[PDB]
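Undergrad: Below are the chains, spelled out letter by letter.
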Amino acid sequence: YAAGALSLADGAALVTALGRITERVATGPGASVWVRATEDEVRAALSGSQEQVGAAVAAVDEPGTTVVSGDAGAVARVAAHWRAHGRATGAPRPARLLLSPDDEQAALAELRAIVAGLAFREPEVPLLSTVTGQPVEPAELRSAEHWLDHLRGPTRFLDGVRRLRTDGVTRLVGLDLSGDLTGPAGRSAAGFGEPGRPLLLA
Amino acid sequence: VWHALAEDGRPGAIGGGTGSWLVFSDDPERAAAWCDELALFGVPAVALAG
Amino acid sequence: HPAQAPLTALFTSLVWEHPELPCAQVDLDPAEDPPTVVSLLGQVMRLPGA
Amino acid sequence: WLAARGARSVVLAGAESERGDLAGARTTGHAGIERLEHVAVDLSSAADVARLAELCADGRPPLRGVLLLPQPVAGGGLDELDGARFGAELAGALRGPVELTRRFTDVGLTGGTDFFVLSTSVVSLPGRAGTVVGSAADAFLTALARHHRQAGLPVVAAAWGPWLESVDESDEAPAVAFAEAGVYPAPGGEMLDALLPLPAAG
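Protein chains in written order, with PDB author numbering: chain A, 659 to 860; chain B, 1215 to 1264; chain C, 1367 to 1416; chain D, 1468 to 1669.
Derived contacts from chain B toward chain A, CB cut-off under 8 Å, selection only:
#, residue
1, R1224
2, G1226
3, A1227
4, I1228
5, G1229
6, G1231
7, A1253
8, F1255
9, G1256
10, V1257
Not close to chain A: a few residues of chain B, all C-beta gaps over 10 Å, as computed:
#, residue
11, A1218
12, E1221
13, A1245
14, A1246
15, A1261
16, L1262
Since the hints were derived computationally from the structure, they do not count as laboratory data.
Note that beta-carbon positions come from the ideal geometry of N, C-alpha and C, so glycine has one too.
Sequences are here, hints too, so could you generate the full structure?
TA: Structure, rendered in structure tokens:
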């Protein structure tokens, strides 16, 4: 909506569908944790043991932290493994992703039944997505597979913030009503590009 | 004369993880704290002590 | 503290003897809690030279 | 200069006073002055430094001004230096002026005086190549002077250029080097005239 790509009517509509799908995920049987280990440390452990399959990296917010989510047993054992080894983790919290392909076939239908009802238009300024880590194409925006990916794939915030600073952004404003989003933006931005370049976070 | 950097005193950005930062301190806890702080930003660091 | 004087001498001795190297002295308050290490390296990396 | 400004009782408190050709110094001391003494006194020794206070405790009129004159310190860069050498030579540079400054304060002569001046070089403000020990001594004496000045005692560290009378015609090479570097000589009387009315006024 801030990119001029939806009307207020379209924006109001879509948030209600993503809202209902989110209740199903949050009430589901799974869990999540934060871990003070990076994607190259965690992806190796998550791939390199059949005994814990049923988990994934849910978010990549800043260089020092990853969030793991899936089956509550798989989440608990992967959390404990790093606490025993040499890193901090949080206490358990609700899941953040779909937990069966049974969820996907319903959520796809519900989104396709609503996303065709959104009167989209080409954005006035570049719109970046945490599914893609790249500027959204107008053909991606119109497709419900792009919108359901928020419940399927990793939230690639870090790589998005990197592309803001390759592409010349200097000052970076945070609508921090929940999740403190400008903090992880500063912690992902101040370790990249040319030395001494300005960076204002407000 | 010590003059305030009141004009333009905003830290800017560290130039990427192209090489490590060594930290040496009289206090091993301070060396660890600064190496842990740098790690959150993806700037790789190593702690040393006498 | 008079015991700190060898550090200012060692700093100024580098500036005229190994001129290819950037270096900086950052004198902290001896009683307050030290700032975040990214605040040090940010305001240091804005110095070309010394 | 003490003669040219109306001094009366003076001690030349140093080892030089009983080995150098001071007959010319005593002869200019015929102007204004009335009492003059020489002591052979070793400022590096605690017992000899206690003898300075025992000489000042004589029936001679009370002490009201002090000047510790410039001293040569050995050369050396960061190369051709090591921890054993630096710990030896810095102690050789500092031990004299430290013990005198301490003792005169501990026996309560300091503060009952209008000026108490320690010599340092102007070269030690921005620094110079090949003088690691000389730089360290001037920085430490500046910190030592401030400690007493913040305690309300009128100690001053003076950062002077080469005195014109100290430009030795026997070997002019240090003065030639300083002239190309842009540190020019000045007459010692004009520098004392510019500094010594100040310590109680500003």
